[PDB]
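Engineer: The chain contents come next:
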Amino acid sequence: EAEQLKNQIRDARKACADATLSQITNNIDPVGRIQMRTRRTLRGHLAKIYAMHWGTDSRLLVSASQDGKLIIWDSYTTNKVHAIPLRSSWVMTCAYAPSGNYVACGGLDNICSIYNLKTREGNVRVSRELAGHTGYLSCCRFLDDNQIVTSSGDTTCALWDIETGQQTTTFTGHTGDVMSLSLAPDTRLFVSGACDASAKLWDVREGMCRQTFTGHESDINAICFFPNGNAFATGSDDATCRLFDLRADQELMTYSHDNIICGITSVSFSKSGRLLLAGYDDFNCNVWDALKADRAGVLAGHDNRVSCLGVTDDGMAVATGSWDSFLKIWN
Amino acid sequence: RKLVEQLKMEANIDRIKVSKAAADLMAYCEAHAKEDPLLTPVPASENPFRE
Amino acid sequence: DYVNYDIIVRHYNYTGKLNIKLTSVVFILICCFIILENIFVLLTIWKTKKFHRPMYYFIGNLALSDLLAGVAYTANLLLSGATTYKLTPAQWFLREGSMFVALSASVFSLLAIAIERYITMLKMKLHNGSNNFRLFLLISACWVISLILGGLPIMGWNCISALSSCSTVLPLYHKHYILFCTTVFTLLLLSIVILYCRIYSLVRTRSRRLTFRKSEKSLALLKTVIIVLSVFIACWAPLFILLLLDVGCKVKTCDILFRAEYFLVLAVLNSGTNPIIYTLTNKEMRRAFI
Amino acid sequence: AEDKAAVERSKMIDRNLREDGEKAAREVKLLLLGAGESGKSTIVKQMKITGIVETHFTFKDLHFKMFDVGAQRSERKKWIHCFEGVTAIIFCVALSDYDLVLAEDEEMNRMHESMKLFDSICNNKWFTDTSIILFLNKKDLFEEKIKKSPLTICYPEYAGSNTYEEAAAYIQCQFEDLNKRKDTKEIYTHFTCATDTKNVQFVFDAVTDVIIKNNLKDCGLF
Ligand SMILES: CCc1cc(/C(C)=N/OCc2ccc(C3CCCCC3)c(C(F)(F)F)c2)ccc1CN1CC(C(=O)O)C1
Ligand SMILES: *[C@@H]1O[C@H](CO)[C@@H](O)[C@H](O)[C@H]1NC(C)=O
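Protein chains in written order, with full-length UniProt numbering: chain A, 10 to 340; chain B, 13 to 63; chain C, 18 to 36, 45 to 239, 248 to 323; chain D, 7 to 55, 182 to 354.
Treat the hints as calculated values from the structure; they're not laboratory data.
Note that the Cβ used here is the ideal one computed from N, Cα and C, for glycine as well.
Careful: at least some of the hints might be erroneous.
[As the list claims (entries may be wrong)] Simulated crosslink set (DSS-like; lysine-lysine; CA at most 30 Å straight-line):
1) C/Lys250 with D/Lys10
2) C/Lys75 with C/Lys148
3) C/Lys239 with D/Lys349
4) C/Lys250 with D/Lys192
5) C/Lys75 with D/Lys330
6) C/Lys111 with C/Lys200
7) C/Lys250 with D/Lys330
8) C/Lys239 with D/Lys271
9) D/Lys192 with C/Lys148
10) D/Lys314 with C/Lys72
11) D/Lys35 with D/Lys314
12) C/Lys250 with D/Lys280
13) D/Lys330 with D/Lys345
14) D/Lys314 with D/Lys330
[Claimed, not checked] Covered by chain D, per the in silico footprint, the following chain C stretches (three or more residues, Cβ under 8 Å):
15) 66 to 72
16) 102 to 111
17) 224 to 232
18) 250 to 264
19) 281 to 292
If we strip away everything but chain A, and leave its shape as in the complex, we get:
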């Protein structure tokens, strides 16, 4: 029965690909070369940088380093607004609440720590610690000041209630380590990519997997939602990125090149969704054209692998964080 179910899924999918994305997008003008330069350089981390996340104001950002520091920067002036001494230095992810009041991080401690930034004293206290995951913490993203979603190496994702500190919902069904997650703009769905080489779309309200997407031949390390919420992009260890559309339940475009054989560490879109920025293990970040399968730029300024990558909500700047301990704002 399972074999026939898979065959039916395959046939109902192949009956939808009347024409490849490249055909319909064939004639639109190419973006041409994209050239961005390093307008800032943030210094102060003394180890590898593993994650960064822009604030919603597009000015402040948080970076997590294995030096055991969570640093909140003002990217305009480069002033360090805050420096938080994490209890566990083996951090892998960090998030900035949409309201600018809280930050989150976590990692090999299997805990999601939540820190309050706006306090009467004026110092940053630890506000909450979320402890129900059995593997390490790969990614975390607030929904508001009281709800956060986490993905774990234990092959599960969770929706938490920060006030009570309890897992409100659990998302099971992945077979490998879940490595990244991206909330939908509306905040009602979210996609997760795992080491089983598949992505899954989850309904936050209900707690069930709505769709599964396959095609990658290795781990999915990064996943980003397209701006309009009807598509997403996955970057993998097979040196490929791919673009999936929820309503088609099928792979549309695949961004790869022979000269590229390393892994992908992070993916993001530009504010219009026209550019797909992908960090790589070979110390670079490629600027793909999402609609047309053609590379259109390189952000080459780091000495070690580009571990993290982000775009501001206003779309003005890009942020690259690297194992070489430096962050760069690109424009």
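Chain A is fixed; fit chains B, C and D with the ligands onto it per the hints.
Structural biologist: Below, chains B, C and D with the ligands without anything else, positioned relative to chain A:
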């Protein structure tokens, strides 16, 4: 039984031909092309990271 | 005076040296070889991003010193012979002081490398800090002291006022200046030897206290120290002895003092040996080369 | 009116970051690894005199942080690189696991599983210049067992006599042969027991040896 149950719920789903999805993506990208700084280099006066 | 062409004639006549060669060809070839080796070393410390730690600046400083010494020896071979008498005493002093400055710089760079190494093995710190204050202090003292020591003869302190005190080797130098230079060389040699002996002693004594089950780094270290010190002394001992003898022997007494080019070419040869010694034993430079 | 205060606060933060980094650079980092039923807990218990456990101990004017990651059932290739840069790896094997089968209980000899793990870790691309301290545990229990059940049950190709010294050295050699990076890193070995009182000393000497070697490599002398 759990695996077949999940797949069976993923089969009876309203799909669309990929051409429609490609058209939607292309249209959305075209509609917001005039507001993407990284795509259309903004004047230096209005860019907060230059002056 | 300093613009009289008769002074050089007068001094060379007093020291018995009043007169292109074949040996110049082979010597210039050796100089080209040394220049090429040191250019390769300099190009390697620049291309590889890993080589930006303080210790690598000291190696490149030595490479620059040896390159300068090769260039100076080339120029001194080109401008010597019959071009000496077509030379002003100011030009003569420049020609000789160039060699003095370059070789002094190379020896001081060797001492600088020894001091860095002895500081690093004395700290025994898990990460070695990319300190720049001593790296600037030491690499500048080298060149400054070299220029001052090798500039003294032109700014006075020479044999021009009185012909009695003239070395047979450089007839326009004052024997006391050569004595000063040989003493400085002796101090530098003793410093380098003692520094590397203390480095080896540290490594060996620290390794002795460790208790494993049934040396390896305390024997290869001894071999490297032996190579370094032995090559240095072997290349620089003939010329040092020659100049001591010159300060001793009176004019027109010692014939050996006339064929002093062989000693000089050996001392410059040390500059070619330096890149091999400080790149082959690294066992990380070799990989970066290819 | 506020930019001056902002710049002052940033400079203070830079000060504290520099001071914390300098303090952290003077600490030895040890990654603890081993199979399930090894004597890892014994090593940690005698060296102190849900996620990742850190143990800080100071010995002979030298501060060590040992990180135990035994409670990570997730795939190791996703987080092993996080430990690139540790001073050393402590790896624990149980000499008594040679006659024991795994939870499969069909043919998976425990000692073979430990050998596979050691081979994976030693030759891993992230640990090429990082040394391994090997602790062979349970030596008394092993000594007792090998009086009854011949070693041949593991390593069928072993003609040596059934005595503690011979077979113990044999297994030490079997583990040290799996090293392929035989030029870049060392493998220090030490036969632990239930109570020895000198395992901290052995780790100290191993880290000192590594420190001296790394210093010689910071000069051009190695
Ligand atoms: C006739 C051969 C000849 C010889 C020389 C000599 C003697 N250079 O000596 C360099 C030196 C440089 C540096 C030092 C040390 C000082 C202390 C610190 C460490 C370095 C010493 C020292 F002495 F100290 F060891 C010596 C120069 C030019 C010519 C060739 N000229 C052309 C020929 C002609 O025309 O006949 C004369
Ligand atoms: C060399 O010196 C002697 C004595 O000082 C002098 O008589 C002779 O003319 C000099 N030779 C030349 C070529 O000037």
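Engineer: Hint compliance check: list the failing hint numbers for this structure, sorted ascending.
Structural biologist: Failing hints, ascending: 1, 5, 12, 15, 16, 19.
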